[PDB]
Amino acid sequence: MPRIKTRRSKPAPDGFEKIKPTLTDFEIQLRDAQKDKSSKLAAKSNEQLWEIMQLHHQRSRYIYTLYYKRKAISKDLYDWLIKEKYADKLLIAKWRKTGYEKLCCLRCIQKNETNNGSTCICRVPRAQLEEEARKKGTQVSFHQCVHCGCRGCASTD
Amino acid sequence: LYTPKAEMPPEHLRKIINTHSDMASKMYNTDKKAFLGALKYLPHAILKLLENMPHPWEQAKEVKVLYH
Amino acid sequence: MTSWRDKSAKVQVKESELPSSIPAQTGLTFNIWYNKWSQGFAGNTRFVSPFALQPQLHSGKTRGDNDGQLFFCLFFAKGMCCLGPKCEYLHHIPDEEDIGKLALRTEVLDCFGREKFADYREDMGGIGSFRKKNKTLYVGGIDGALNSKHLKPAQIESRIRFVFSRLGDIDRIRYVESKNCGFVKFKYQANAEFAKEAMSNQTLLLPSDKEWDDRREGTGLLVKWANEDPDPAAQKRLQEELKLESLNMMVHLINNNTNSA
Amino acid sequence: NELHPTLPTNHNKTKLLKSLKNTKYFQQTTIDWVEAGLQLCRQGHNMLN
Amino acid sequence: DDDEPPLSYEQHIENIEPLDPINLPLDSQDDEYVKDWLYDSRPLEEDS
Amino acid sequence: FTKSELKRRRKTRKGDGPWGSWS
Amino acid sequence: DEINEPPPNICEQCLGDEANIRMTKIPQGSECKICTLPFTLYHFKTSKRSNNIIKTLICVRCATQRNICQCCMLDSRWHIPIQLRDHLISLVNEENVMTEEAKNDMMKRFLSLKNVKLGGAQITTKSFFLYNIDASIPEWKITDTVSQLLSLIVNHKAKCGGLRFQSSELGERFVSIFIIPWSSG
RNA sequence: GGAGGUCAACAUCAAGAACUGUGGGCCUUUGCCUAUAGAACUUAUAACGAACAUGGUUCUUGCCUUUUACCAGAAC
Ligand SMILES: [Zn+2]
Ligand SMILES: [Zn+2]
Ligand SMILES: [Zn+2]
Ligand SMILES: [Zn+2]
Ligand SMILES: [Zn+2]
Ligand SMILES: [Zn+2]
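Residue numbers (the deposited numbering), protein chains in the order written: chain A, 1 to 157; chain B, 127 to 194; chain C, 1 to 261; chain D, 532 to 580; chain E, 243 to 290; chain F, 51 to 73; chain G, 3 to 126, 202 to 227, 239 to 264, 288 to 296.
Think of the hints as simulated: they come from the structure by calculation, not from any bench.
Taking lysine to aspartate or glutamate and the EDC-like style, the derived pairs with C-alpha atoms no more than 20 angstroms apart in a straight line are:
hint, chain 1, residue 1, chain 2, residue 2
1, A, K69, F, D66
2, A, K94, B, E133
3, A, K136, C, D67
4, C, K132, C, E115
5, G, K119, G, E102
6, G, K218, C, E241
7, A, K83, E, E287
8, A, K135, C, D67
9, G, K105, C, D123
10, A, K5, D, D563
11, B, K187, A, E84
12, C, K243, G, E97
13, G, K119, G, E97
14, B, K187, D, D563
15, A, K136, C, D65
16, A, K10, E, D289
17, B, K187, E, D278
18, C, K243, C, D229
19, A, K69, A, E101
20, B, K152, C, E115
21, B, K174, B, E184
22, G, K247, G, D221
23, B, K152, C, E15
24, G, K50, C, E88
25, A, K10, E, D262
26, C, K7, C, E88
27, A, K44, C, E15
28, A, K75, E, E288
29, B, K187, E, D282
30, A, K44, C, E17
31, F, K57, A, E130
32, A, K5, A, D76
33, B, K190, E, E287
34, G, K218, C, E240
35, C, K149, C, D213
36, F, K64, A, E130
37, F, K61, A, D157
38, A, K83, B, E133
39, C, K243, G, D211
Using the sequences and the accompanying hints, generate a full structural model.
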């Protein structure tokens, strides 16, 4: 488990060093965007979080593409990562499923949280939002999912 | 329906509290009321915290928190 | 068209520069719940804005426009809005047409989307009253010229007219030398409110004149709602206006009504 | 303690956290204990103030 | 002390490195079966 | 719509996936 | 219970023209802006994609006595403000009918309960000095007219139209209840 | 299809030493007699927890100027 080094934490697997710097560059930036840089506007503070969410998402996409896509590491490296909280087991378990392949997060597919219905507009393909932009003619009001800043999360866009 | 909960990184939490720490704005006048609400539930939290103390032989324990 | 409808609207202030919250030192310690100061009492806190809007200079196109909002960005009406074209709430002066849209809904609420109360307020305070239309603004504490008294009350007049003029259509402006106040009156409830929230706490004359550097320590001009005009003249005039207006709307009532027969 | 039972409450079955963690407003994660100790000090404090 | 506002976690504490706990020597002869897992946080999350 | 149309069309968004901003 | 039971009273216009709508229910919402007591508040957006959310500002006890849409606050039947409809209705007949309402605090709260309805409901520079200025006519109407056939300072006290323009090109084009003089030094 | 989850919802958990269904006969649906089938979990120095807190009301006391806060026994 623990992100902290501690004695219980089973020492690294092998290929680790080859990736180690790519990891650390994300890591510093988290320490960077958690820094409490004040703003009076709600719109901002939520933006601030939109970083942390984004980074976390990239790190996981990276480890994921290494292990599954190109198979450039070994099962024990990978599983050691995931044990150390380097990447989301779960989220990656979505990226393996058919449609979700490019998914945001796991709030953005929650059915139960949203007032009605489901699934932030975050998911719908642009190919349709554009259709209501056709008929109605207002272009398209959507830009950022309040939770993330997804824009066309669905795996076509 | 019922998907389960979605676990999220620890950061998102730290950023949250590390902002609402400084409150002087207007936009917190909801959160301000929110705070008074949780005052009812605090002693609960205490219990559910302090029964997980880490015990002499573990160095650092890691827990699962459920936050507002 | 070429002015507002052309180029996208712009930021005024960088969110960095945005003014300091926690109003400063009317008393000892800072209360967290309300945002005030604690003990003691001094002459009231108010001060001229460091800011003002610039009617044709900053106004432009923004997001709410392309997405179809209604209410006007008030932190634009102070030209203090730090979101630039990002702001949903509209940046610019009311035309007649927008009011064409609102006018369904302007019974209850302003052009900034806020809910008018009923009974005004002890002093004729900040938002209006749904029981009544009022287009007409009292203006007081004109000493937000600082104390330099301008060679003619008609220089006051030229200045008041110069300012409030820009902000929309107008009926009239009566300065009063007897009592210090300007009373101004517009077309649309909409314009009125917009100008009001804009013009609080300001100082005067050119990009510089005389004490212009120190303009910033003035108190700033109160702009508050106006009561009746108790003269008979204006008053007779009013009851006329309402009368011809009823005279119009009867036509509506007989059209949909008469159709319903 | 042995002379006087209590004999618990079938139906207690609706816990706080279950009820809570079901809403929009709560979220879930993991974190070092000590840290959560501290967050609880900030919390408790800001409330009482 | 009371004047001394408690220091946040992300900075001071997370980088410090923990400084060893109790445990106890055990043995490779007597305690051989248990010397592996005895001190895990939860001793066996997995042994199927 | 058509697959070619989509594939070509997307690169337009500024920053890869999915935070990348169309327009 | 009964709080729910008189249901919402809503315009069929301002309500917006979509086929299907969803509206929230919150059993103790705001107080009235009128009687100052609680009630059930009903949100909704008009259309689905809107940015702006209609709320309901008043009782159904208070919007009955005066007979009006809780969102709009126009008449139910005529889509018109109270202070109009009961003014027209004052006129024909001759004099009557206005609704004297509620200063103080528990005067209005009290007055909410009694069921009497209310009257409205009962039933349902080149200086140009141009003079002769009419009493009832605004500036908007003046420069209105000017821009309509093709910038001003009026004094209504002295009925003296003071006037200026950008270029004397607008001198010709101006000329090419009105006292003319083309006045400048 | 198998394994798992510090996942969810809906049922049930203290009694004639005790559960439920079904067939046959009687009174007239309950119920009684008889025949038959299946029975998770919990029970005999008796019980869901080889654990152990608080509150209310009503009494008996102890602190003892009075109310919170309390002292130590009982019943509900
Ligand atoms: Zn997302
Ligand atoms: Zn989303
Ligand atoms: Zn998304
Ligand atoms: Zn704005
Ligand atoms: Zn009411
Ligand atoms: Zn309506």
